[PDB]
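In the block that follows, a single chain appears as structure tokens, in the form deposited in one PDB entry.
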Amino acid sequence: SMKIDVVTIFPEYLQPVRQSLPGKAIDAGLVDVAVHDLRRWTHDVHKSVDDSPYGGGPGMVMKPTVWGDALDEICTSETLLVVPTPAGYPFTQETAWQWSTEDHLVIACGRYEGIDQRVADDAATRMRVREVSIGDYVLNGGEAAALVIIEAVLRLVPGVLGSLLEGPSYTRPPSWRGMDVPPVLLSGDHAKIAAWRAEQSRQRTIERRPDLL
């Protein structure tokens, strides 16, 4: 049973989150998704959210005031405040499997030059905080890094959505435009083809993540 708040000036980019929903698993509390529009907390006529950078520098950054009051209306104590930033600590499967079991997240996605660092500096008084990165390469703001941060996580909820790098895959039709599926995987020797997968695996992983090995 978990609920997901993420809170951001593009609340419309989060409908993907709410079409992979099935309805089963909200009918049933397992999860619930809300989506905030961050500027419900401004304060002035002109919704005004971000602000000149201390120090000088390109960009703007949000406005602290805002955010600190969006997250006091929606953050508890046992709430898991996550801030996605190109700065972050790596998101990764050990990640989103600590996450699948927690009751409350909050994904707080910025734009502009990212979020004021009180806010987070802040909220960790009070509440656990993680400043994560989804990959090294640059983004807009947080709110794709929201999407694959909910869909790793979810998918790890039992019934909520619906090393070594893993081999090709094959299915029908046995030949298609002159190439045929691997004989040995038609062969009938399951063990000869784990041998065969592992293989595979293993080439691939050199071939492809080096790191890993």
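Take the two forms, superpose them, and find the largest set of C-alpha atoms that agree within 1.5 Å; that set is the rigid core. Positions refer to the first chain, counted from 1. What changes on going to the form deposited in another entry:
- Superposing the rigid core between the two forms leaves a single residue from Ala144, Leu186, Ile26, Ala34 with a C-alpha shift of at least 2 Å: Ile26.
- Superposed on the core, the two forms differ at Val17: its CA moves 2 Å or more between the two forms.
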Second form
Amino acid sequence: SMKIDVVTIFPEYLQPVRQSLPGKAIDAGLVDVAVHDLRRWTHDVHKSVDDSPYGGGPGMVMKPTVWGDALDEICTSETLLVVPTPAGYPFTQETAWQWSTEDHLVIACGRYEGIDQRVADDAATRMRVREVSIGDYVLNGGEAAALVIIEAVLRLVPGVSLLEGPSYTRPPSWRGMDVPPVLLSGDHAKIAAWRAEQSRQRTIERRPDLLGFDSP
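We have the form deposited in one PDB entry; now please give the form deposited in another entry.
A lone chain is what you will see next.
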């Protein structure tokens, strides 16, 4: 069974929920997901986890010491350490398929200004490290990106190109709008053709990059 550990200063936010895809996986016994409060590894009364950046700039950077103790306790040399960040290598469907065979994923959630770089540098001396982006926008912390990665990966676990065109179900006419009649005909070959053409025009319009063309 696969084990996923998540580390965050917002533990309530990432606590697993029974009625969800990861919730079902856990219940089928196919995965163990544990959430850890980063503040468990702090010593001071005020339990501080970040500080102003060396060299100046906005916001705060998470301290290396606290992350060091957390990952020392949670990770082994076998661990794949996942770190969401706007500056990461791209997380894609290939990435999801690959991670779906892993024994132990640890996901380190940190603020967007970053965890002190020495943390990832240190971890890399003992385990495989993957800093990754799920897309080109900014989140305040890695938490929401962790939830996307967990969804993408777990649905590919055993036992759990081109854009898709429009899809339709009953009734065949609704508010004066009809389902494309080819879909009603039962001709497998004609239906395959119409769907291919629909996918072509959608991909060219919305995602020309996928077909090897310049973006808008």
